[PDB]
Amino acid sequence: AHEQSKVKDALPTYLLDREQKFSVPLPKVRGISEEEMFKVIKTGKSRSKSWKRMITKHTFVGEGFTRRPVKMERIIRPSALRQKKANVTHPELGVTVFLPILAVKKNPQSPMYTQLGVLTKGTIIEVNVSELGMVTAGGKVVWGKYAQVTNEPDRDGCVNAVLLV
Amino acid sequence: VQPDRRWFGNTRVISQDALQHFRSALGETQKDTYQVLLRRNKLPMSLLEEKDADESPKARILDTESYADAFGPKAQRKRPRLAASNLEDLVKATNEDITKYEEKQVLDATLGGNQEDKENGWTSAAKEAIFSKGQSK
Amino acid sequence: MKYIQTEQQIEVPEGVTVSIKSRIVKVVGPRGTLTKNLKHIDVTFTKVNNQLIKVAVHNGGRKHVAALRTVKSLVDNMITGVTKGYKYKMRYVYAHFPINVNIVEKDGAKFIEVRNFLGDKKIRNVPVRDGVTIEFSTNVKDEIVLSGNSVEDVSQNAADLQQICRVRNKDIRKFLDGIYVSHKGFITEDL
Amino acid sequence: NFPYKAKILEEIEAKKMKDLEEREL
Amino acid sequence: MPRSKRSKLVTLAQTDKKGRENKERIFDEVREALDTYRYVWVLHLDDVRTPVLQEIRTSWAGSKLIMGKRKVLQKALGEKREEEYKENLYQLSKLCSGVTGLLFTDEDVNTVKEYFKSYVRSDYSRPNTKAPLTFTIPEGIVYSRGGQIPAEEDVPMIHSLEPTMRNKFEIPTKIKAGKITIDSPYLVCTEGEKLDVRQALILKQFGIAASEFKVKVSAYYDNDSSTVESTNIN
Amino acid sequence: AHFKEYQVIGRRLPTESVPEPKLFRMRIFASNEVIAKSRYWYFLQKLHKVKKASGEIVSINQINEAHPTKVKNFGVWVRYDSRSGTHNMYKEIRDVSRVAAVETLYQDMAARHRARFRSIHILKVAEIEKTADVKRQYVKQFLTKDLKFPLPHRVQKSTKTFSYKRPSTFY
RNA sequence: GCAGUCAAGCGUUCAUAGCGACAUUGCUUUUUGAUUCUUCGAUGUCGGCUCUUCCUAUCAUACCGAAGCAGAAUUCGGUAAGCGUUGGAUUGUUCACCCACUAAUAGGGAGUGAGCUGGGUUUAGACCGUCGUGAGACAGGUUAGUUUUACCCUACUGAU
RNA sequence: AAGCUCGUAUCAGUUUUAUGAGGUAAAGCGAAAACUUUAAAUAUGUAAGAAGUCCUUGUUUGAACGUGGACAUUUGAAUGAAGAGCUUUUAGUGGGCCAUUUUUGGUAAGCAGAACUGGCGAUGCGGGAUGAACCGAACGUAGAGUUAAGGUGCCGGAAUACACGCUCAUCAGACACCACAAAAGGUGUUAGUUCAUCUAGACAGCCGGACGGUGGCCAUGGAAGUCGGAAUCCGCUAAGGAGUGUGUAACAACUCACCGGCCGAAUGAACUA
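From first to last, the protein sequence lines are chains A, B, C, D, E and F.
If you use the UniProt record's numbering, the first sequence corresponds to residues 67 to 74, 85 to 96, 117 to 261, in order.
If you use the UniProt record's numbering, the second sequence corresponds to residues 71 to 182, 185 to 209, in order.
If you use the UniProt record's numbering, the third sequence corresponds to residues 1 to 191, in order.
If you use the UniProt record's numbering, the fourth sequence corresponds to residues 53 to 77, in order.
If you use the UniProt record's numbering, the fifth sequence corresponds to residues 1 to 234, in order.
If you use the UniProt record's numbering, the sixth sequence corresponds to residues 2 to 172, in order.
Hints were generated in silico from the structure; no laboratory data involved.
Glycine included, each C-beta is placed from N, C-alpha and C at the ideal position.
Hints are supplied without guarantee of correctness; some may be wrong.
To be verified - Capping the alpha-carbon separation at 16 Å, the derived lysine to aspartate or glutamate pairs in EDC-like fashion look like this: (1) 23(F) to 71(D); (2) 84(C) to 152(C); (3) 141(C) to 16(E); (4) 125(F) to 71(D).
Stated by the list, open to error - Partial pick of chain A residues on the chain B-facing surface, computed with a CB cut under 7 Å: (5) 73; (6) 86; (7) 118; (8) 119; (9) 120; (10) 204; (11) 205; (12) 228; (13) 232; (14) 236; (15) 239; (16) 240; (17) 242.
Throw the hints in and build the complete structure from the sequences for me.
Next comes the structure, spelled out in structure tokens:
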């Protein structure tokens, strides 16, 4: 910096003097076995009946949930692994926002895990976008964008994602 | 994940009339305790909310003066902001703030014991674990 | 690069003569005599002409050659000590408690006694080494002077004196009390 | 770091003086 | 040394080293001067203050004074008999010793031999040179000038320089309140005696300009006559 | 082995309407005549497209030293394809013959670089005629006038198991 | 962690084919110490009396170093395992907590499932819940329930 | 095995010759890398004579199938050797581990399923202190000689051999290696590479200079190069920043960066091993 100093976009007035194909960005994610993810839970005094299964991977569940009776249940999604809000980012702009999840639409590795709502890596999710403030031409204003999750939220609690723009 | 014109496209969307319809209904509704909610309707709520406060947040001093300039060796801060108007108003603005202090000691006397036990030089007893129950994880 | 041979020169004034068998070294002259053993050091000594003596290493590595230069320095110090002499002045500043320094001789053994340092009941004792002499200066306050032929003896003795009166668990900035070397010089002088 | 450097430029010049000409004519 | 060396003291100042291109500029100047200006002198000034030199140099604007390296100016005039710009020009260059100090002009000799005889200025005493003065310092509190004034004029010395007085200027000191004190009167110097390096710096510190600077010059060359003269003035 | 210098000429094959190809001479350092021929083909493939089947050796000849009495100063240029990318090297060796200088080089290179005969490629050995073209310091050391020095603490080679004298290293 | 930003360098040679350290910006919820009473499915056994030893990744004692270290008290760091590290309450459970003494109540390993036990292995009895047309089994929950060596070799402790 | 129906000049985990293919590109030049011809083994397949060739001209000029004749061993590349298939039949066995080479899909990192060839299982022996897969190795009983891999201070048979270098570790190394902790930290040592500086005197030391517009503008209780914010210019110069740091309430004084005198010959910086 001494050697550099030795030698010698455009915005409005009110915005300067400030600072800040159809390929999805993850095609082909690693495949997950069904034997991992689904831990077995045995039931009885003699622990001798199996049949209950616990989803160990993270889950979006719904808005409207309620558990079902313990005798009728089976596919247990426990409440510590139930994400409501994801951490979405934009390829343009360079700003993340913490946005609420609205659905899980496409899950790789089978149509089971879409239907349980298992977030994984690679999964494509409906995001509520209203803090960003996107407007279609037509003039309607937007609050449903599909986003792809970028990390494995087993291995750290945060669900990150990138908007499919 | 098979490439598709679906995605990138906008899924849900809302009408600019329908926002103006739903913003009014916060004003109207009215709960009724004999009624009870089954479903909610999926709605972009952050748009519909933000109602009119009349007060505002406090200003952000950190932007104008950091910390290093606010106090230190570096320290570029000769005079106070906002500072007083006049020395009549200063002496007015002391004498009530004295008596407001002198109140709170006479109040927190009558609230109390706690210091006088420490001057006498003894502590209050252990709270019994049964009064927890329960509580408990 | 492993130099094939390297040399130094030690220059002898007329007052002194210096005598070397093996690597044992003696210097004789007006003030007195100093002896040093260099058997560990592993160098060759040669005489050319009374006033000049040369020390050399043959086929020396870098560490070895470094040792060669210090030998010149050690021998020169004996020469300066024997003719010029060495004088060290120590001054002992106190805030609130006067420090009393006396010489007391116990069984012929000759000791420096420091009393009442920073109001301490303890008496610290430092033994004066052979061939160093301790006196307190006329027409100056608070001056103690250590003078002898051998450099290492005088300097080591002076350093012991200050370390004996080190402060403990009090901040150095607030408490200034101690003994220090104000000046290092020769007995003679005037030069 | 070499003694006889300035020969070898003239050697390469004189060797290439052939390979200019003897290709063409 | 591959390793275990002195690392040199890096620091990030503005000014940068001149090197060769500056040393050429003086060689180009000196050879350009000799044809133009008629008479040439070579002044010994082994010490100077700069605002003395500015006073010497402003007192004639047209007449040139070019300082620089001896071993430039020896080369510019000529060391040998063969390699030289003008005739008999090595004979002046052989004689010089201290800090030149080389002057060109187009002016009368009897001005210049008068001028540097009549010129004299006050300055410091400096090492290896006897000075006609002597100071015992007064033996309570020392002051900035140190007993060359009525003390009620002068401010006491700044405690910050007492470590310098203790270590470097040697003189035994201690401080009582802020102010620097000595018990008994320390003499620094005596008249008709050569000054040790430190005995100067004490006189510099208290700031006693009591020794005459005057420039002096031996040699003298003339282009039209083409011959050297050596003249004894001090 | 202990080394021998070798001339090696080799000329490609003749073919139809190509009479007398150019010949290509090299100065190989090697133990024996068999290795020098295999060395020669390895050099030739780098310079231009050839092989052992496509060409032939004309004339392998030994080259002895001209004056293996006289002590000479050599200056060898070397490069070697390692580790990492290659780089050149210039060492100066004081030795009686050329073949002795290359012997003492390969032992020096095998120490300092962990590198074999097959890796190292000698460019050109040169006798230095006049002194004070000797740029290196350790060779310039021995060229000083009236050179004397002692033996380097003389170690004694022990013949016997038991000895009665208390041996003096002499000196 | 994800998405970038600068760029000491790698990429056979190489600035602008792709990689890329040290730095560095984004939120995971309010800038005025307000509370923030959030305790959200460990499907696997450990826990404790007695007694020994080891590690150091040092809580205390020893000696040092650095801090606005005036004392006094303390924080951070260095060598250091010589020597210590406790008393109780709580099973509508204690993977913890609190209050009390204390110079200090540091963290671990080999533990002590044949030295002795409490929960849990764990069977036959019984009741309540859920499920089953039923025999029965389990989302549970509660109560009652015999494994008892040494006299052999070695080790250890004493003894001829 | 019992066999006998061949012991024929036929067979082969092989090479060469001819021809085919991936055509990777390294030759190579076009008509202005785009050609579109052609070359080296890298690897896989076919073919290389006894019913074999040629003349004559039937069947439905040519082509495929034929009628009748004449032509024998350098008989149609190399090297090897005789042990190939039958008809009946009848014992045991039917999933498995390690490495190597191709190749397809893969991340915290392992790795996964295909193809081939080795090794072990049924297999002792020499070495690797010890050891399923590592280095060597054609098991009747003895004798002599010479070696493999591995070794030659002592345990321990065999140089406390010879030669050139490098290394000092306050618990080196003697190696699993073509990895992991790995990328870097060191005023530890040696050898290199590329730029600089230098008898117009370098590098290191002391000694002297380091100045004038000026205490530059705002800022302020006070800031004079050095608590700060914007500029960072001109002059005289051998050289001297509207200032690298210590320092004063402010100045002062010292310091460096830069010149210069003394001394005298090599020295500095950044990389590689």
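Hint-by-hint comparison with the structure:
{"no.": "1", "hint": "23(F) to 71(D)", "result": "14 Å, holds"}
{"no.": "2", "hint": "84(C) to 152(C)", "result": "15 Å, holds"}
{"no.": "3", "hint": "141(C) to 16(E)", "result": "51 Å, violated"}
{"no.": "4", "hint": "125(F) to 71(D)", "result": "23 Å, violated"}
{"no.": "5", "hint": "73", "result": "29 Å, violated"}
{"no.": "6", "hint": "86", "result": "24 Å, violated"}
{"no.": "7", "hint": "118", "result": "4 Å, holds"}
{"no.": "8", "hint": "119", "result": "5 Å, holds"}
{"no.": "9", "hint": "120", "result": "5 Å, holds"}
{"no.": "10", "hint": "204", "result": "6 Å, holds"}
{"no.": "11", "hint": "205", "result": "10 Å, violated"}
{"no.": "12", "hint": "228", "result": "11 Å, violated"}
{"no.": "13", "hint": "232", "result": "6 Å, holds"}
{"no.": "14", "hint": "236", "result": "5 Å, holds"}
{"no.": "15", "hint": "239", "result": "4 Å, holds"}
{"no.": "16", "hint": "240", "result": "3 Å, holds"}
{"no.": "17", "hint": "242", "result": "5 Å, holds"}
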